[PDB]
Amino acid sequence: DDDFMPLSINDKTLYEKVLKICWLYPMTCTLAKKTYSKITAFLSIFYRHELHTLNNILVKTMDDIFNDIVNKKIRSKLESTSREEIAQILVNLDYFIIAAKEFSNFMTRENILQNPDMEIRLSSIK
Amino acid sequence: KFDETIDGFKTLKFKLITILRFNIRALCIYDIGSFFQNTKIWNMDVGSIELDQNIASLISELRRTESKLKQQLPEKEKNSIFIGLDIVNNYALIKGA
Amino acid sequence: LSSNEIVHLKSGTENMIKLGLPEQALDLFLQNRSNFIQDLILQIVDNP
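Protein chains in written order, with full-length UniProt numbering: chain A, 507 to 529, 556 to 658; chain B, 824 to 920; chain C, 604 to 647, 650 to 653.
Each hint should be verified, as a subset may be incorrect.
Computed cross-link-like contacts, EDC-like style, restricted to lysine to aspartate or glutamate with a CA-CA straight-line distance of at most 20 Å [claimed, not checked]:
1. A/565 - A/508
2. A/526 - A/634
3. B/899 - B/909
4. B/891 - C/642
5. A/592 - C/642
6. A/605 - A/617
7. A/592 - B/873
8. A/658 - B/868
9. A/609 - A/508
10. B/836 - B/900
11. B/863 - A/595
12. A/592 - A/642
13. A/605 - A/508
14. A/570 - A/509
15. A/604 - A/582
16. A/570 - A/642
17. B/863 - A/649
18. A/592 - B/900
19. A/633 - B/868
20. B/863 - A/616
21. A/658 - A/596
22. A/592 - B/868
23. A/570 - A/617
24. A/604 - A/649
25. B/838 - B/826
26. A/570 - A/616
27. A/633 - A/616
28. B/836 - B/884
29. B/863 - B/875
30. B/863 - A/596
31. B/893 - C/642
32. A/518 - A/507
33. A/605 - A/509
Here are some, though not all, of the chain C residues that point toward chain A, as calculated from beta-carbon distances under 8 Å [stated by the list, open to error]:
34. 606
35. 651
36. 652
Everything labelled a hint here was simulated from the structure, so no lab data went into it. Don't be surprised by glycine CBs; every beta carbon is placed ideally from N, CA and C.
With the hints as constraints, model all of the structure from the sequences given.
Encoded structure:
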């Protein structure tokens, strides 16, 4: 999907749905929010693999399966040398880096909630 | 009968000795969760939350081990072996740790 | 003193009453639920 333009302000129907997508620029943060929210939403395949050490290092397996550990986003966007929304698409990757901060804010995580003392993710965000 | 009951006493000290060595070596075993703890960090790794899962395993089978050990045997020996071997191996466990 | 279920526990409980040893019967029953809850605690502090 292409024509790297700004976000067309429809003024105003899905702007609240854009605000849920915000957790502008045309598509990348606009669709990829549904992609990753769909991903970690789909990655809640537990609530039946519980009463064991799944709460252990399988949590770290969920850590390695990041917002697919962001090189998957940060290869093709790293590869795409194109003047169309150059750094404006990446304004939704500085702003999807604010969604990387939303991902390390998507941090009421597991073990059911313990220890709530750190859940940071910013290696691939770095 | 003094050689006899003497020998039964020797089996008692051997057996309770073996139980105390079992719990203590379960602990010193369990401290090797730090070996490796996957590069206990340099100056920070912040964050830095929690909690070295092998140590939670140590707490777990320690807890159930004391549960069943309190189930079968009598109290005073359990308090003895568990008390001395647990606290001492905790301390020197931190020392070599 | 051995069954984690209900039906034998229910049954032989009221059979023990059917002998007419009800006080010992209840005390054993409460002991079974004591040991029951006791061992139910054996599945796991992780955080408080």
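Going down the list of hints, with the structure as the test:
1. For the given pair, residue 565 of chain A sits about 17 Å from residue 508 of chain A by alpha-carbon distance, which is consistent with the 20 Å threshold.
2. Note on residue 526 of chain A and residue 634 of chain A: the hinted pairing holds, with a Cα-Cα distance of about 12 Å set against a maximum of 20 Å.
3. Only pairs whose Cα atoms come within 20 Å are accepted, and residue 899 of chain B paired with residue 909 of chain B is accepted, the gap being roughly 15 Å.
4. Pair hint residue 891 of chain B plus residue 642 of chain C holds up; C-alpha atoms about 10 Å apart against a cutoff of 20 Å.
5. For a cut-off of 20 Å, the pair hint linking residue 592 of chain A to residue 642 of chain C is broken: about 31 Å separates their Cα positions.
6. Proximity of residue 605 of chain A to residue 617 of chain A is assessed by CA-CA distance (about 16 Å); at most 20 Å being required, the pair is judged to hold.
7. Our distance criterion of 20 Å between C-alpha atoms is met by residue 592 of chain A and residue 873 of chain B, whose separation comes to about 12 Å.
8. With a CA separation close to 14 Å, the supplied pair residue 658 of chain A and residue 868 of chain B stays within the 20 Å bound.
9. Between residue 609 of chain A and residue 508 of chain A the alpha-carbon distance is near 12 Å, which keeps this suggested pair within the 20 Å criterion.
10. A threshold of 20 Å between alpha carbons decides the hint, and for residue 836 of chain B with residue 900 of chain B the separation of about 10 Å falls inside it, so the pair holds.
11. A distance of roughly 18 Å separates the Cα atoms of residue 863 of chain B and residue 595 of chain A; the hinted pair therefore holds under the 20 Å criterion.
12. Between the alpha carbons of residue 592 of chain A and residue 642 of chain A the distance comes to roughly 10 Å, so the proposed pair stays at or under 20 Å and holds.
13. With a CA separation close to 15 Å, the supplied pair residue 605 of chain A and residue 508 of chain A stays within the 20 Å bound.
14. Taken as a hint, the residue 570 of chain A and residue 509 of chain A pair is broken in the structure, with Cα atoms around 24 Å apart against an allowance of 20 Å.
15. Restraint check: the Cα-Cα separation between residue 604 of chain A and residue 582 of chain A comes to about 29 Å, which exceeds 20 Å; the hinted pair is violated.
16. With a C-alpha separation of about 18 Å, the suggested pair residue 570 of chain A and residue 642 of chain A falls inside the 20 Å cut-off, and the hint holds.
17. With a C-alpha separation of about 17 Å, the suggested pair residue 863 of chain B and residue 649 of chain A falls inside the 20 Å cut-off, and the hint holds.
18. For a cut-off of 20 Å, the pair hint linking residue 592 of chain A to residue 900 of chain B is broken: about 41 Å separates their Cα positions.
19. Simply put, residue 633 of chain A and residue 868 of chain B have alpha-carbon atoms about 17 Å apart, close enough for the 20 Å limit, and the pair holds.
20. Taken as a hint, the residue 863 of chain B and residue 616 of chain A pair is broken in the structure, with Cα atoms around 45 Å apart against an allowance of 20 Å.
21. Distance check on the hinted pair: residue 658 of chain A and residue 596 of chain A sit about 15 Å apart at the alpha-carbon level, within 20 Å; holds.
22. With a CA separation close to 15 Å, the supplied pair residue 592 of chain A and residue 868 of chain B stays within the 20 Å bound.
23. For a cut-off of 20 Å, the pair hint linking residue 570 of chain A to residue 617 of chain A is broken: about 26 Å separates their Cα positions.
24. About 28 Å separates the Cα atoms of residue 604 of chain A and residue 649 of chain A, which puts this hinted pair outside 20 Å; it is violated.
25. Of the pairs offered as hints, the one joining residue 838 of chain B and residue 826 of chain B holds, with about 18 Å between alpha carbons and a cut-off of 20 Å not exceeded.
26. Using a Cα cut-off of 20 Å, the hinted pair residue 570 of chain A and residue 616 of chain A is violated, with the two alpha carbons roughly 27 Å apart.
27. For the hint linking residue 633 of chain A to residue 616 of chain A, the alpha-carbon distance of about 25 Å lies beyond 20 Å, and the restraint is violated.
28. Among the hinted pairs, residue 836 of chain B with residue 884 of chain B is inconsistent with the structure: their alpha-carbon atoms are about 24 Å apart, more than 20 Å.
29. Restraint check for residue 863 of chain B and residue 875 of chain B: satisfied, since their Cα atoms lie roughly 10 Å apart, inside the 20 Å limit.
30. Proximity of residue 863 of chain B to residue 596 of chain A is assessed by CA-CA distance (about 19 Å); at most 20 Å being required, the pair is judged to hold.
31. Proximity of residue 893 of chain B to residue 642 of chain C is assessed by CA-CA distance (about 13 Å); at most 20 Å being required, the pair is judged to hold.
32. For a cut-off of 20 Å, the pair hint linking residue 518 of chain A to residue 507 of chain A is broken: about 23 Å separates their Cα positions.
33. A hinted pair counts as satisfied when its Cα atoms are at most 20 Å apart, and residue 605 of chain A with residue 509 of chain A qualifies at roughly 18 Å.
34. Checking residue 606 of chain C against chain A by beta carbon gives a least distance of about 23 Å; that is not within 8 Å, so the hint is violated.
35. Proximity of residue 651 of chain C to chain A holds as hinted, the smallest CB-CB distance being about 6 Å (cut-off 8 Å).
36. About 4 Å separates the beta-carbon of residue 652 of chain C from the nearest beta-carbon of chain A, less than 8 Å, and the hint is met.
This entry does not satisfy hints 5, 14, 15, 18, 20, 23, 24, 26, 27, 28, 32, 34, going by the numbered hints stated previously.
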